[PDB]
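Start from the sequences and build out the full structure, keeping to the hints where you can.
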Amino acid sequence: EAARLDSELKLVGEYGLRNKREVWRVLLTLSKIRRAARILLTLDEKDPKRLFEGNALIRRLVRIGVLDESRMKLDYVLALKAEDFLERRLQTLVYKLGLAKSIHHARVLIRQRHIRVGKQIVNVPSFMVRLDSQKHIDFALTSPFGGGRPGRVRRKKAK
Amino acid sequence: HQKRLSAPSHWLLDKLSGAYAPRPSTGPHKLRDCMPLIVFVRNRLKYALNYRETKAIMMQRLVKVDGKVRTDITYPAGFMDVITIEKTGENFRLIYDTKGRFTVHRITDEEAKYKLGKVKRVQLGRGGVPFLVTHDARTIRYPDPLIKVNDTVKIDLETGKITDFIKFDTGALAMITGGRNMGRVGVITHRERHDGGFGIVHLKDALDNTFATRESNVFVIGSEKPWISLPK
Amino acid sequence: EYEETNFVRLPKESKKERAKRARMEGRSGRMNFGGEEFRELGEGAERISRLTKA
Amino acid sequence: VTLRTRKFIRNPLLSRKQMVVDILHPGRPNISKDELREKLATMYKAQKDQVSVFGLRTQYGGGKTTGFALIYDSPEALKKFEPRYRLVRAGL
Amino acid sequence: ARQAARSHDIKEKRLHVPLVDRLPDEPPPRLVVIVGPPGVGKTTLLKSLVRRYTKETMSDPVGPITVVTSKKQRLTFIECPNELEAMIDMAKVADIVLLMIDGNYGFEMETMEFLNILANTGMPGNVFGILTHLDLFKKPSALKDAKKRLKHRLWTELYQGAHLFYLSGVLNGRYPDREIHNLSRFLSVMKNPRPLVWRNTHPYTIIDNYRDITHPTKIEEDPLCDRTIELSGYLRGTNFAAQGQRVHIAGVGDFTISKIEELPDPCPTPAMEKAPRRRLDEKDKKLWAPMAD
Amino acid sequence: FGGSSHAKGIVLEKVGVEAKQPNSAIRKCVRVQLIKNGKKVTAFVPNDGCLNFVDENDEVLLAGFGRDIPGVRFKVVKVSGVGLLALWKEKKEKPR
Amino acid sequence: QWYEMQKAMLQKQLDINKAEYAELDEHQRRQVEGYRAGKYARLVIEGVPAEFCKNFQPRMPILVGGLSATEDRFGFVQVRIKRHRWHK
Amino acid sequence: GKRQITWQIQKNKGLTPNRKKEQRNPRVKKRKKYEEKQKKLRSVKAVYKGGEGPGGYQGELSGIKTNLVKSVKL
RNA sequence: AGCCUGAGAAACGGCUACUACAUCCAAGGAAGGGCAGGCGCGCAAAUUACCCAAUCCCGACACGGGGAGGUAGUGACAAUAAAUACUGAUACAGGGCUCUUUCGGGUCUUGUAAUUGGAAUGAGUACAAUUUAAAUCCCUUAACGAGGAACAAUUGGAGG
Ligand SMILES: Nc1nc2c(ncn2[C@@H]2O[C@H](COP(=O)(O)OP(=O)(O)OP(=O)(O)O)[C@@H](O)[C@H]2O)c(=O)[nH]1
Ligand SMILES: [Mg+2]
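Residue numbers (PDB author numbering), protein chains in the order written: chain A, 18 to 176; chain B, 8 to 239; chain C, 274 to 327; chain D, 336 to 427; chain E, 40 to 314, 323 to 340; chain F, 43 to 109, 116 to 144; chain G, 737 to 824; chain H, 575 to 648.
Hints in this document: simulated from the structure, not taken from any laboratory.
Take these hints with a grain of salt, some might be off.
Capping the alpha-carbon separation at 27 Å, the derived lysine-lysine pairs in DSSO-like fashion look like this [said to hold, decoys possible]:
1) 383/D / 94/B
2) 414/D / 62/B
3) 775/G / 111/E
4) 342/D / 53/B
5) 98/A / 611/H
6) 52/E / 126/F
Below is the structure:
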């Protein structure tokens with residue numbers, strides 16, 4: 018259908034994912050979380066089950082940084098979106114912090130091992146950066162943008 | 008050749024001793040109520056690492072159990088057997104804890120010189136002489152004529168002579184060596200005969216908890232008089 | 274900590290234990306979306322209910 | 336090249352000393368356990384022919400290297416207390 | 040129901056076209072050919088195969104070599120020389136083929152040429168790939184990567200899931216005996232050959248021994264004259280005519296039969312000798336190689 | 043047919059080998075004989091450039107034809129054990 | 737079971753041959769049925785080139801095929817051909 | 575002194591039709607198709623595309639048509 | 001069917017006779033019986049791998065011996081992650097796109113087999129060192145390693 022096609026393409030382009038396989042993966046985990054929130058809303062208020070499970074779920078979503086810290090209600094847990102998950106993806110986070118010029122520049126940086134998350138380098142761009150870990154995304158110490166050797170083509174030009 | 012999990016859970020093995028576990032050899036103590044010497048060295052004490060290392064250590068005359076040198080690897084040493092190691096000069100004794108697991112204690116020579124063993128039984132041996140059977144499978148000829156069944160004896164361990172005895176008594180403190188309430192140091196307060204098999208004692212702690220253990224599992228340690236140094 | 278206890282190296286996980294933890298993750302209801310674990314909403318929630326009523 | 340030692344034990348009845356060695360080479364490749372024995376011989380004032388080492392996993396991200404070395408009181412003690420494979424890796 | 044679907048699909052895989060068999064009860068030796076690029080050691084594999092089979096250390100094995108391998112059936116090995124004339128002849132006559140591959144060096148034009156010639160004339164009974172020179176590797180990662188990509192390319196060449204064995208070293212100048220033992224395990228227990236219409240309509244033979252019959256007076260009168268030839272071998276296809284048969288010696292030309300002398304085998308095959324035990328005897332492991340040593 | 047999905051057969055006669063226009067359905071059709079029944083049916087080769095490939099008396103595998117001679121139900125999928133599209137694309141050589 | 741029926745007819749025919757000449761030695765088995773497959777045979781060929789006999793190497797094998805009456809006639813063969821896929 | 579096998583046989587390509595590099599890399603295809611489909615979007619509706627430029631107001635740069643209403647008639 | 005040792009067996013380890021097989025021979029005689037693999041259509045697809053290195057077992061016995069145990073190899077049946085490129089400048093062309101309504105509407109920066117510039121590198125190649133019974137894998141890691149005619153993305157469908 019044209020609606021699903023153009024929607025998946027809009028998501029892909031504005032966050033330059035590789036394929037609708039990755040898109041459907043994010044949609045699958047979004048659906049599972051949203052279903053769990055739906056069952057917790059099927060339970061009634063002030064029941065200990067809903068109280069504790071919903072507080073746990075909202076705390077997980079806040080501590081990974083998708084749900085905003087202002088709204089902490091299960092209706093907004095229902096209103097959580099794949100656009101929010103893709104904003105939490107690492108590649109878009111490099112592009113938004115401004116280490117890259119474009120989203121595909123971020124993708125190729127993450128592939129060829131220039132950024133790091135905290136202490137170890139990160140080779141995959143579908144990494145789900147937590148809100149506590151967002152601030153420590155910088156160039157690795159072995160990358161020519163961070164230091165280390167001047168690099169390959171610079172070497173061949175210096176020769 | 009049982010598995011590590013099917014091995015008894017009170018001589019402890021971690022999640023890395025392999026799928027197997029040694030079986031104790033034949034000796035004084037029972038199979039379920041044993042701690043083998045290799046497991047005592049390399050799993051609890053960790054004075055070695057490997058089976059071959061423990062083989063070499065036990066092969067040179069370096070580990071002494073109950074005053075006698077023990078050669079083979081899996082000699083059973085179940086309960087209250089002193090283990091003198093002379094190169095460290097330490098003596099280890101095996102007690103239980105409140106949970107029911109083997110606990111090793113460090114002792115010097117003065118308290119390490121003697122043992123405390125429960126009397127299994129008493130009869131007349133060949134020649135018309137009374138002899139005395141401990142739970143250590145030790146037989147003492149010519150005993151004190153007052154030491155009945157389920158007594159306890161302080162044993163010299165150098166000449167094997169009967170140094171002292173403690174009597175089964177209501178109002179005495181004990182230690183449990185079996186049953187679902189195994190390893191709960193407390194005082195005997197009551198005895199119930201139930202003539203026809205399986206007499207019971209009622210034993211409370213020092214802190215108001217009553218429970219029923221059987222005389223066979225009961226092991227008298229002392230009225231107050233904790234003649235062995237319990238761990239603090 | 275076990276590795277440093279008696280400083281013996283450990284064999285990196287074998288086929289049996291690896292297949293066992295694989296069948297456990299295949300049978301379980303957990304998922305690791307980010308750094309935190311998410312659980313299914315069944316007997317855990319029922320245990321919460323039983324403990325709170327008790 | 337830089338050396339740290341934790342968990343050092345005398346092992347008197349086996350007559351051997353067991354310590355966990357945290358050796359760190361910055362900016363170099365791995366440590367060459369022969370050279371490690373050569374260092375540990377004088378770093379704990381013994382003979383190179385009575386020290387051995389194994390374990391020796393290089394940590395993630397370079398830098399740290401966790402090895403386990405053993406110092407015996409005598410080369411003869413090493414000869415009759417070492418396993419054959421570690422003896423052959425040592426070269427005796 | 041799905042069991043019925045599986046059973047029907049297996050039977051529709053089982054069917055074929057009904058071709059004529061024409062195989063006699065005393066079957067001729069099946070043709071094992073050894074084909075490879077120059078310098079890959081097809082002669083050495085022939086040496087080590089015949090040593091595993093008849094325990095004879097052939098110093099220079101040439102021509103066809105007949106070996107008995109069961110109490111019922113017998114094989115004969117022919118190495119192909121590095122000329123495409125012998126390649127096409129032995130390709131159109133072969134029944135099971137050992138295709139050698141030179142390992143680290145990868146595939147060769149000789150291999151692909153022979154494979155396509157074979158598939159065009161007629162796909163034989165069995166084809167096996169053997170892969171050598173695996174001692175000439177320095178990293179086992181590169182070794183197993185080369186093995187995997189060569190197995191895949193070979194599968195795409197002939198068919199999905201063909202047998203590809205690997206021969207590592209050269210120990211006594213012979214081969215690893217365990218390696219060639221499992222190879223012989225694969226090529227020992229055999230099935231009836233694929234009944235191709237050309238071999239089952241024409242009678243063919245491979246000449247085991249060749250002798251020059253000429254009167255030396257005729258030799259002295261004309262050094263370049265017509266000589267008579269004694270070719271002794273095994274009649275393999277259909278039956279020859281009784282007289283006046285035309286033959287075409289491959290690479291010489293057409294001639295006629297002057298004389299057929301039928302005579303019993305030198306590899307007598309214990310079933311044919313006794314004309323239900325498993326093992327073969329050291330009475331029974333023979334060899335017939337009238338051109339080799 | 044039968045209970046199976048792909049049936050084997052023998053090419054009996056490439057009927058319509060002498061048609062004029064190259065992609066005519068009568069040009070493409072091939073009369074075969076299903077082995078499992080001994081029956082005579084007719085199947086399509088997907089292109090005349092591959093009707094050149096199919097040879098007479100060859101173990102030909104055929105399957106359903108799902109979509116000029118409306119009613120021919122079968123189409124040729126394999127010839128002599130090799131995928132026919134690969135034959136036409138000149139990937140593999142036909143084993144005869 | 738049309739396949740097995742056709743193969744059983746082929747086997748009946750392959751039994752009828754050798755059952756119809758398992759009857760006489762000289763007349764049938766030597767003169768009628770020729771010289772059967774598998775048996776060892778010495779072939780005497782007359783008129784083979786001496787250049788062949790001088791340049792005979794043992795490596796290059798000798799293959800002998802049967803030329804039939806159709807295989808002995810000359811004429812215009814009309815063929816369906818195609819170049820090989822990998823030929824330049 | 576050996577016959578190397580050439581690249582065609584090393585990977586049997588055959589007679590597959592020709593494609594593009596945009597088709598060979600599946601990310602770039604969904605970059606080029608998206609930018610093209612973003613371009614079509616500006617041709618039907620309008621995008622905000624920044625407010626007035628820093629230079630100031632330089633007139634409605636592309637025409638003003640009088641007889642055209644574009645409101646959604648409720 | 002019977003017997004034998006031994007703490008522990010009616011051991012199947014042996015013997016004894018009968019029966020049913022099979023082998024060698026100088027035709028007088030002699031010894032012997034299991035499991036694993038391949039085919040099982042004429043057409044098919046996971047090793048005939050390494051060591052007792054650790055846990056454990058048996059012995060005159062620290063040293064000898066272990067068919068449990070671990071190590072290795074294959075796999076698109078699935079499942080998991082993601083390469084095949086990133087970013088500038090210049091010159092030139094004026095059209096590119098769309099629709100309900102179509103010889104009719106709408107919207108405005110779009111391209112180029114154009115010309116040059118940047119950087120980044122991982123597949124691979126690989127000195128070593130480490131790992132380990134010995135090796136591999138993993139972690140370290142010097143040196144190489146991108147311009148399309150290549151370090152060579154496919155499968156289907158529609159249409160000129
Ligand atoms: N190291 C190693 N050497 C090999 C291997 N295979 C063959 N060789 C050597 O390469 C040589 C190849 O000789 P052949 O196999 O006889 O060559 P051929 O085609 O059989 O006979 P020719 O016509 O003489 O070439 C042998 O002599 C071996 O010494 C191998 O697998 N490993
Ligand atoms: Mg040869």
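Verification of the supplied hints:
| no. | hint | in the structure |
| --- | --- | --- |
| 1 | 383/D / 94/B | holds, 26 Å |
| 2 | 414/D / 62/B | holds, 16 Å |
| 3 | 775/G / 111/E | holds, 15 Å |
| 4 | 342/D / 53/B | holds, 13 Å |
| 5 | 98/A / 611/H | holds, 23 Å |
| 6 | 52/E / 126/F | holds, 12 Å |
The structure shown violates none of the earlier numbered hints.
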